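Take a look at this single chain, the form solved without the named molecule, given in structure tokens.
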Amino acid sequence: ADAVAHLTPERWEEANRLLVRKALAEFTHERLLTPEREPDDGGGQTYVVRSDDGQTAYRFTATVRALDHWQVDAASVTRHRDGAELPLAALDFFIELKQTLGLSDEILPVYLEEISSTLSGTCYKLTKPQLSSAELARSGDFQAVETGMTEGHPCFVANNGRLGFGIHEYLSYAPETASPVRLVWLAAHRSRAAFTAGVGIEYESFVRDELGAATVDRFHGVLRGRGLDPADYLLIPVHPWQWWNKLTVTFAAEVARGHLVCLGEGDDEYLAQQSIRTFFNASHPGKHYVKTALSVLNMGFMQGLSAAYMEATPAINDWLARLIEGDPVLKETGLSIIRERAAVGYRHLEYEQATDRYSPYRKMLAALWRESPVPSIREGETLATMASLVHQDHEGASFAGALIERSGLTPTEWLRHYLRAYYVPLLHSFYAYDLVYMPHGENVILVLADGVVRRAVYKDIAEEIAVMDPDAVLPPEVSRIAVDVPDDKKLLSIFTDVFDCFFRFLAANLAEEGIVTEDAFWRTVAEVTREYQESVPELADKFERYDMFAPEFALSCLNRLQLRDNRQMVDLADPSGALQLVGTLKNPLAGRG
């Protein structure tokens, strides 16, 4: 009973209301829905969306903001059929709108699971102590912020499925539980496992730094006790779910043959971060994060980690770190990365022979270590995921709002600092190097001082960065990041991932709360843009070619990807074949060049 105590009628009702509100907003944004304006209820501002069959009506109020952003009011949402009101039920919403939303017969039931799971997660979150944005901002507690996020991805509606976790596993492993996790360590035979080190890393010292000499010794003692030579093995940390549910079954042959040997649990307590299988070391915050392979489904992908990709991983991070260090614009912004410093991959030789390069069976056992940002900060400074800037607490108060307030700066001065730290590097990376990232909430950490963004740190590099120049000259080990993207889609890396998928929400949240107008938000973005471009006149040709101030850019729809295919939302053999562009949005930078 304890495990399901969060699942009560009142919390489920609230969870449903929240999710339907989001569904209406975001599926409207994506043009799957087209709400009809009704004539004036309380001076107007009321819409209706009808079911596929027209019999059920979802009515609501909304404020429509820039980038076709629908701020659907959660308390206004009502559902009617036959003159009568019905309860708001997310499952029924998806069934009723299944043809409208483009959910096929094959996908609908699995997507309903994902929705059920997301809703369950909201119920769990509703049980947590309900901290205001102001309290969270005053805590200075990096992990209170990390584990206190509630929305998840702001676009995807089915965003917290974590399908593969039973409820007990949810409670042990989901980031919002803040449950401490001990990693399981394996010894992997060197005929199948390879460790790759970044600049300045050496394996023996590395694992001793991370585990301590005592634990390494103990692990050696496990090996010796079974008649194995430690020299023949490399250490690999695994997510306990992966061990108990996958490696001990799927990779039973490896365990049995002694290709993999279970060494026990490491001592240190870790916290799952937003990405679920990346772990922060709570016992020793200055130690590395550990990113693990986790074969659970979330937001269109299994959370596996490719063994083959590990070999290039530290080298790519070294390349990028060195590039950042060398670039005066980037220096001025204060940008840094937390490097993926070391990685270990395991090649299951028989699954390899049985599969192609894209199979999830090749992504079941690998790990990387990413440096902590904690040692880099000074006293006075605190850390927060950038996802926090779009967080709203239980009363609707923006966490960015709370930072603004604590800073004592005007909203636009506060924004300027954030934009110089986070945004300008994206501009300059694009224009100077053809370099893009995946710079969403969870892949940026903010360094804060008295509520002000002093600098931003990027993470999740090797698997996300791209150089949009198929002829790029790059060190051989990093040349796999060069890609061929049509010229007319290159700038979507900013317009989609920054503007439509992050700023859309940030600017809406701030305006709705009365803190700063969309006008001034986007003015500030424009001013920062212009000031950057004026500072690098040698790139003026490029600034003209790829116009940040163009009147429109494509609407790239995110939910549509998942609704079309919620198991492999992107074909990795053809990743740009997934993109779903549906008309254009007016650029809020238009007319501000």
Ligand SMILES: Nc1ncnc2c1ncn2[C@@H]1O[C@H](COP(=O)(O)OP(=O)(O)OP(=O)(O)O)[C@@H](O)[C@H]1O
Given for the second form:
2 protein chains.
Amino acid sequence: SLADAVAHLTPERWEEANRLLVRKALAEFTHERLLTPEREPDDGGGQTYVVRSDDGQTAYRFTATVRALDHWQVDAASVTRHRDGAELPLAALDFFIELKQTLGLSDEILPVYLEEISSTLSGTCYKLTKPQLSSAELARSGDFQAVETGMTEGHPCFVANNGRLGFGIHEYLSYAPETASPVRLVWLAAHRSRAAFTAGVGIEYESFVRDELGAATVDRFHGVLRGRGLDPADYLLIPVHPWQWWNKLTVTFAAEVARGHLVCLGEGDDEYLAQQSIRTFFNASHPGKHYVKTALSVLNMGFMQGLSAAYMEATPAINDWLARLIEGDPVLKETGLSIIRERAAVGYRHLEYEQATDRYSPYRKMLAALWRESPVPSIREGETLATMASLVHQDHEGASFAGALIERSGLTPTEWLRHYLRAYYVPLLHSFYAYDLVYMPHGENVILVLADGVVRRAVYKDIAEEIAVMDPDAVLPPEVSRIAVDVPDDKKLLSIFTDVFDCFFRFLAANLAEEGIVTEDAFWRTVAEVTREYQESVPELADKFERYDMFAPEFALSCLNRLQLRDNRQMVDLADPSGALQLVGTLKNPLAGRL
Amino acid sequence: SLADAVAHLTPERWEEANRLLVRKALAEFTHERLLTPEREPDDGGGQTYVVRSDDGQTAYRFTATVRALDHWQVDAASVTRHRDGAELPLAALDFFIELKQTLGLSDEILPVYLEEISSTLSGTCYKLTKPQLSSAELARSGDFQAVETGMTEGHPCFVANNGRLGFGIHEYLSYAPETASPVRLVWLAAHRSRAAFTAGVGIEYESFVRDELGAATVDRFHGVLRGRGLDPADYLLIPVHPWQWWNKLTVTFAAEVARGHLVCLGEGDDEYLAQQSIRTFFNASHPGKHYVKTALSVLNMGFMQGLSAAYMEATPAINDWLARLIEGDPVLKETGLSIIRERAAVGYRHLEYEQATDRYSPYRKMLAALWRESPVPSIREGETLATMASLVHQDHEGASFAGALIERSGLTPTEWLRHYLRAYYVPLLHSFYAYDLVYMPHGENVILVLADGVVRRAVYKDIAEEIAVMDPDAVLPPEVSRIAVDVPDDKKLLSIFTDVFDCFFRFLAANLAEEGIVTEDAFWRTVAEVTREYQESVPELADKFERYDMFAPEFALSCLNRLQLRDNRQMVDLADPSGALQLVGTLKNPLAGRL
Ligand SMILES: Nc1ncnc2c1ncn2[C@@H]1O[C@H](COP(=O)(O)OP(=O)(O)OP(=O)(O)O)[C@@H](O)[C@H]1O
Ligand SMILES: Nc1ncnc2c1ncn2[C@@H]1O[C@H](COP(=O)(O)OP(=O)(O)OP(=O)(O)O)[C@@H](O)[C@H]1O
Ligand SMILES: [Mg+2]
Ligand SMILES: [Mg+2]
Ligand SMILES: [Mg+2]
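Given the form solved without the named molecule above, I would also like to look at the protein as it appears in the form deposited with the named molecule bound.
Complete assembly follows, chain above in first position.
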């Protein structure tokens, strides 16, 4: 109705959303040491802190509990703001304008950054309008996509995390995952002179699209091409995000459309759900068919969600080499690890934009797609699926979704932890130590298999784009050897300490202690024991276990927000070794002393 | 359908659209001396030229007539392109890649430029699907808006002229002036803490909006506010481009919507047509009511079509000063000059984006509006209205619309030229010399009143954004004094030589010569006579006519494409003096030797 598109934008909901983001900015900027909150002694008997603006006129006061890994658990309800003796409302845009110098926001970035904050607050507002499911309801539900679309936090480190800049509000309401709006994919026929299909082992092109689309939808598509005088044999099918088609391909790639390099074939019939990754689609009409990952030229969390055409050629081969490696490794067999492969990929090489740009240009990232197998067919009765991100979910009441899997399970907290850590964490140690293999194993990149509230096994996704072998001489099959990187010995283990300890377990341990379920002490003792249990079981690697010490007293603080604030479009650039990293002192390893 | 949004994008139209844009590229790049065509020996008549790529491997051949002001009338049909012995098809993207260095197209700029070339070509394709009216049929029509929306060329110097980047293809189809789609404006209530209305003489706010919307639409609007707990007294009506609402104001300005600084009221009832200026709307329901000029954060022709809040305070006062000045001057009274005033304006100051940006940022331009009186009430039976751009319109067969006004008038071409030049060109001479006052008097900024094919009088528009008094000490009413600028004496007369002669008459004289209607000699003879006739009628300015000599042998070549090629987003900066200018040698004044 026009008014309906903005109904979620009200003073009360805006207000809650601003208290929520300022709470997280005080928390996470303090963690990253942009803010050093000073204590005031009286009220909470050691619990009240102030942070001042660049000019020192405006003060932010809060109650916080400081947990392992220099984690500030800032109380939302406690946040207040003062200038020259009086109180002001909590306003995120103002907070950023007031601590511009202090956070190293440049004149250049600050405005776009405020636009990403607005958009993050807009989403918070939309989600505060959805039925407010407790973590109990959501865990009891056992609906994979009720959990996928129920998540509210997004990336727990990045403050400006849920931006989706590029979507008008109409497009936010149609495309953001938290809406759970069905999407039909748009299907193009891409001429073989500029498009290329890559198949994983056991994939054949004709049967693959037959399986995905149905014989009848393939023939109809072959009929659009014949009616236009074109030979179906000269084209490959490429599905696209409807936003990419209507806003980019019809304008940016108009030449391709006009010349018949791209023919529009229409919507496919199946209904998709955008996942936490906004450009990845799960097939709601047929949960067993492939996810489709699409090119989407929006700004989110320091990157265009474009998809590289050039990465596609090697992508199924990387997945096949990894699946085979997991199959053949006793330790990985025993954790129950599995991936959902990227089975198939199609790239489109825009020849002219290629002649006009470098290999790093988002103008070469505007038309690819890949298919990735669904985890649904692999589950048995009593099993349900949930993104690992669910484990750091709190509901509207502060109630941990992990806490609710624990209550549902009947296990002690720590028994429950040991099943999860054996399934998710031990594969990561083994992969590091046995093969120098690291993934990007954050909430979004792992799916848990649950049975009566217990983590039975973990499924890694996002394989070709994310995995590395940290050894430049790694002998690999020619097709997968791009994964071989050069990372200095003193940084290798950060793959575990940063991406698991500091960017995930910090939140999990905090949530469980805050809600009174189990001490950080017990939490970290459990991680320690699983670590020792794994190491004891592979004595062949003892020299490497000492070289890369999981029980080192400290490790480097790697600041995630600092990357985004120095560059709101290219967070990490063409550093093909690494070292766009912002390392600022060290944290105390909660494992220090438990070897 | 989906297929229907791109129906205009076919190989035959694409192929035509590229021939037309490469012809224009060769012509105007040559005019601006980026290219230096070399003669091929007189095999097929003489007048055959070659242009080579940066790498000398690609050759562009054409025939061309060279006309006054170094105008290259390149024959579209003659453009051929060759490489290593063999002919290639005409592709504008390739032409730009091949001459990237030659045209000073930087790595940063080239991909965006190509994206604007693509969008311009799509334009041409859409336009070629329309009913192909002869310059006769149009001239005969008498329909103001059939001529407005019937123009195909756009600005005649700029090659990348009809970009509209920001518009998805559905939005192109909705909002582009050449489509003549009815648009309903979206109305916002803006809180008086951040919004200011400004009135000309005779304008009162309440009566104004009552005349524009009708009392019923105001009552309904008032009731939307009351239904939400809000006092209508606390708010001011701002109409916005629906693109700006859905894609910017709901997202970029979300905090203002949420906090109730902006309330959505609905669509207005009346159907508007976008004018050649994409963000300017003519009321088609009520041709008599005000045009509305909108904030539109789209890239077109080297500028966001944003609209400054900051300049609305002075807009109506600048219009009223000028209108009164014209009324007071015997010479401008005899020419019949009038303006359609900017009567009302409303600005919105986003307080936070303002604290985060400088006076120049496009984030201070996303919400403003002004109302400009319609020319329709002022005309008398026999009189029709037509953009001055119509005079340089050719139809699909090369037929000039100026030529058709001439045929239809019964006058000799020169008698016809004299009426036009008295109405349009004399007020610009007298404004320069008497008042140091200049406009931006191109096709878009002038409307002709026509009687029996004759130009009776001209109406200037685009007053507050464009005019200057080139005397820094000029005594002016407090509220219009910003109009006063410092311009070097040796550049003042370029306002005439460049904006009138080199960027408009050059085209008119060439088109009329090309079609066999009248010689360049006679064309410029006529400009000279009218110049002398004006000059002789104001002897008290004789010293100033000697100083700023209209009959000087040369004046500087000012290049318009070279501006957009250096900086594709801010081609003139709002900072530094008339210094963005790219003067490259001089042109022979066709008035030279006719004092
Ligand atoms: N809890 C979360 N943790 C991490 N990322 C999240 C989370 N919720 C949402 N996201 C989004 O998911 C993306 C994570 O980055 P990543 O590179 O893994 O994504 P991708 O490559 O688009 O995904 P995919 O796994 O489908 O290949 C970001 O765009 C981020 O905003
Ligand atoms: N024949 C034409 N001559 C000049 N500009 C044209 C023409 N056709 C379309 N245009 C468009 O109109 C604009 C002209 O520049 P100008 O700054 O005067 O416009 P504006 O301020 O948007 O217009 P207005 O306030 O007069 O409606 C440009 O964006 C240009 O692309
Ligand atoms: Mg991912
Ligand atoms: Mg990725
Ligand atoms: Mg104009």
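Residue numbers count along the first chain shown, from 1. Basically, rigid core = biggest C-alpha set you can superpose within 1.5 Å across the two forms. Only residues modelled in both forms are compared.
Colleague: C-alpha of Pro575: shift of 2 angstroms or more between these two forms, rigid core aligned?
Modeller: The answer is yes, as the C-alpha of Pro575 shifts between these two forms by 2 Å or more after core alignment.
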